[PDB]
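S.K.: Letter by letter, the chains look like this.
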Amino acid sequence: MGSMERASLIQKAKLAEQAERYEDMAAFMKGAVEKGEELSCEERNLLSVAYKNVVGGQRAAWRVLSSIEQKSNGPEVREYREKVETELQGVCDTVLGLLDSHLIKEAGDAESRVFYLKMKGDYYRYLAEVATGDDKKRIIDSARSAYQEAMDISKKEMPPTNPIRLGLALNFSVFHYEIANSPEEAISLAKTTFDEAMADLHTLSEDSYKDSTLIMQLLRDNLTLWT
Amino acid sequence: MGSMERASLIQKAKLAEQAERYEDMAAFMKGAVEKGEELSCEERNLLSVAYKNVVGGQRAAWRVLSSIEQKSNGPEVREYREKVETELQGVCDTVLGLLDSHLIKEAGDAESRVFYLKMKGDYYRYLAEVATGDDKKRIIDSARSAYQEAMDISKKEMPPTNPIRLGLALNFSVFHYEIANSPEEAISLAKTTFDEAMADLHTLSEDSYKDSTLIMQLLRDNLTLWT
Amino acid sequence: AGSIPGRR
Amino acid sequence: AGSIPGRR
Ligand SMILES: *Cc1ccc(C(=O)NCc2cccc(OC)c2)cc1
Ligand SMILES: *Cc1ccc(C(=O)NCc2cccc(OC)c2)cc1
Ligand SMILES: [Cl-]
Ligand SMILES: [Cl-]
Ligand SMILES: [Cl-]
Ligand SMILES: [Cl-]
Ligand SMILES: [Mg+2]
Ligand SMILES: [Mg+2]
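Protein chains in written order, with this note's numbering: chain A, 6 to 232; chain B, 6 to 232; chain C, -14 to -7; chain D, -14 to -7.
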């Protein structure tokens, strides 16, 4: 996308989202990042939405195929699960590459830095979901470290109802439960996050209240599933 | 897909369908066709399902973008609609190329020949949906000619409740209504198709009855919309 | 106006 | 267990 204007890439990413063309969306936002300028709040959302949808479809397909593969235990099901898995890993590597070159190092504000570090944790978490061999532990620690640094910043710099802070804690909780084999840590994080946000709701406008309570409902839904 | 076994391509197309990976499905079935052997009934369904889903998503995206483009009347919306349109045209050309090299010429049984000619009409119809310039008329006539040849064979060789015969008449009716500006022909075809199938239902088993009445309901739904 | 679907 | 969605 080197020959397209940054503003045109952003405009086309928004069109692709409206058309539910998420692979296109992601390629446009990848091109926008590679222009080298920092991203605005809205632009960070476009980047995240695009890749979340792309890898979300890959994860869903991988789970279908992995389930078929486990029921079977010719080479076809394993081969095709491997194909999808490699394609998923490539998308995760691409996002992690964008964060590392050079979104995170240039992100100084809490809202941008926490957002990118949450993504870094998320895409390592997706790598961990399919990891088996020599690096599954290292991948898990990479996810944990990114999430932890984002948590530390968000607790210092953001109110407990901040949607980015809440979504980070939600996803770190899922990491604890689903990846790190730490359901007690997952439950404790979700409960403390929910309770501290509840106590801060009185400070919010009607619209911010809606933003925060919507994410708190997701924390509550997980707690209901986990307890 | 030249280095993959035909049976492995078919098996992976079925897995891709289960995983809703329709682009993969289509590439596997394209590889299976290019092995040069005729396709069985089930294999023809796999080929059709795969490309119908791929072009179905492209058509839905094209309509979103074309609608945005018309409301606007920079170059971005037109440019991106053109990109999607070109990609759609390429998929239609690919399917038409498979039918022409060499599925149709080798199809002698009514069930295979009518099926491939219905697809030929369908993919020209999709080309017609986005056509404007010098060839819109020729594209429409190509769709009409394919549908007509399939109709002639199906009326001679298939009972009025045959699902392929019914789905062909359904789609030819949509062609008349949506492409050829012939709503009266569309309504008359759907009505006559429905009535002649109704009169043949008494001959069918419980399962075939379900297959046929399900398609007759689609004819009825269109008639309700059109009248 | 609906055209035919591939699967039931 | 649900993770965060991108859009409302
Ligand atoms: C050309 C063609 C393709 C597919 C069929 C068919 O039997 N499709 C199954 C079906 C029919 C009607 C409605 C639905 O909706 C789920 C599915 C026939 C002819
Ligand atoms: C990291 C991150 C991403 C997105 C949000 C957010 O506000 N998402 C909107 C949202 C929240 C909860 C539920 C739903 O479902 C539609 C949508 C916060 C943090
Ligand atoms: Cl494969
Ligand atoms: Cl900065
Ligand atoms: Cl474009
Ligand atoms: Cl033959
Ligand atoms: Mg410029
Ligand atoms: Mg062979």
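In case anyone wonders, no lab produced these hints; they're calculated from the structure.
You may find that some hints are simply not true.
Below, simulated SDA-like cross-link-like pairs (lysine to any residue); rule was C-alpha separation at most 20 Å, straight line [as the list claims (entries may be wrong)]:
#1 B/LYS215 to C/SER(-12)
#2 A/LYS40 to A/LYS110
#3 A/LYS19 to A/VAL54
#4 B/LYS19 to A/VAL82
#5 A/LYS161 to D/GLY(-13)
#6 B/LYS88 to A/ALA12
#7 A/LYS160 to D/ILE(-11)
#8 A/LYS215 to A/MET163
#9 B/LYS40 to B/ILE73
#10 B/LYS88 to A/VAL82
#11 B/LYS35 to B/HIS107
#12 B/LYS215 to B/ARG225
#13 A/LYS19 to B/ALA65
#14 B/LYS88 to B/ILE109
#15 A/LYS76 to B/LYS215
#16 A/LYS19 to B/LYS19
#17 B/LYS19 to A/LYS141
#18 B/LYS88 to A/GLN153
#19 A/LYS19 to B/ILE73
#20 A/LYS141 to A/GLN153
S.K.: Which of the stated hints cannot be reconciled with the structure, identified by number in ascending sequence?
M.R.: The structure breaks hints 5, 9, 10, 14, 15, 16, 17, 18; every other hint is satisfied.
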